[PDB]
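Only a single protein chain was left out; the remaining protein chains are all shown in position.
Labels run A and B following the written order; every chain starts at residue 1.
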Amino acid sequence: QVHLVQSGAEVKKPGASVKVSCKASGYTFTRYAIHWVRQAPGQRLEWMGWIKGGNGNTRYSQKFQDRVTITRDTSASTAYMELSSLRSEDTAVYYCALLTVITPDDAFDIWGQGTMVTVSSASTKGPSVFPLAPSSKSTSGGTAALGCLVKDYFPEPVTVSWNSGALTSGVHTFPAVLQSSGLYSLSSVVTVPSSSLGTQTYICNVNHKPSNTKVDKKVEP
Amino acid sequence: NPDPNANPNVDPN
Partner (left out) sequence: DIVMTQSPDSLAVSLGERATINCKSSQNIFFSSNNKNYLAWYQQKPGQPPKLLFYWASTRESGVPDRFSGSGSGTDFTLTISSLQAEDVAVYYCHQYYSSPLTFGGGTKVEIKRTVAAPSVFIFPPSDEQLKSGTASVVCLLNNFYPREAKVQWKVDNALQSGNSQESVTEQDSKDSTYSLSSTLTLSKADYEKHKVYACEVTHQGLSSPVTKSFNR
């Protein structure tokens, strides 16, 4: 099994740098070249550069030559990629990959799991959790909608479960929106039987790991 | 004609 595991997520401010690791295993590391491809949120895949495992030869994309630096450590069988002079537009999931390894015999293609690099000036901030109360204006027949505003947090992500995950049906946690303040805001809903509002308690469970935030908010009618 | 160093992992053999 040929595995490329790569480093955890990083959050950097503009002007800083990031070094992203790519540990290779399951094959003879000096044989193949590791490519680096980034993908901005909702964007296409963008190739940045490659390096040969044993030679150390590099080729950079023209868009990044002046900030990117891919290196080799044959001792650790690990590939590194250092993007300098970071910009919010560098916010992307960075992949290392053995792209289209087409040898005379068998062909294969293997990618790292992804490193989410977030470039923003916002400081880490826990979310404010506001209840979206169910009422006559959030009922459709026998069903009632209720939810929670998870507003003004950095960075991504937040986890929202309902009744500690015991309520799964009709739960819709929306993708967070990047507000003009640099902070994120999302908002998770659930539709339930409208008379169950008097017999159940409904809790959204907001987990924000980067800020150590565990907020349990009760949604009253 | 194609660049063999565009992707070294592609050996045109």
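Note that a contact is a pair of C-beta atoms (placed from the backbone, for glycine too) under 8 Å apart; a residue touches a chain by one contact, two chains touch by 3 or more.
Enquirer: Of the listed residues A:100, A:124 or A:200, which contacts the missing chain in the full complex?
Expert: Counting the whole complex, the residue in contact with the absent chain is A:100.
Enquirer: Looking at A:79, A:119, A:122 or A:149, which residue reaches the missing chain?
Expert: Result: among the candidates, A:149 touches the missing chain.
Enquirer: Across the whole complex, list the residues on chain A that are touched by the chain not included here.
Expert: So the residues of chain A touching the missing chain come out as 35, 37, 44-47, 59, 61-63, 95, 97, 99-100, 102, 106-109, 111-114, 128, 130-133, 135, 137-140, 143, 145, 147, 149, 151, 170, 172, 174-177, 179, 185-187, 189, 191.
Enquirer: Spell out, residue by residue, where the missing chain touches chain B.
Expert: Counting over the whole complex, chain B touches the hidden chain at residues 1-3, 5-7, 10, 12.
The rule is short, and it goes like this: only the chains that are shown with their structure count from here on.
Enquirer: Between chain A and chain B, what's the gap in Å when you average each chain's C-alpha atoms?
Expert: Chain A and chain B have C-alpha centres separated by 32 Å.
Enquirer: Of all residues in chain A, which touch chain B in the complex?
Expert: The contact residues of chain A facing chain B are 32-33, 35, 50, 52, 59, 98-104.
Enquirer: Where on chain B does chain A make contact in their complex?
Expert: Residues of chain B touching chain A: 5, 7-11, 13.
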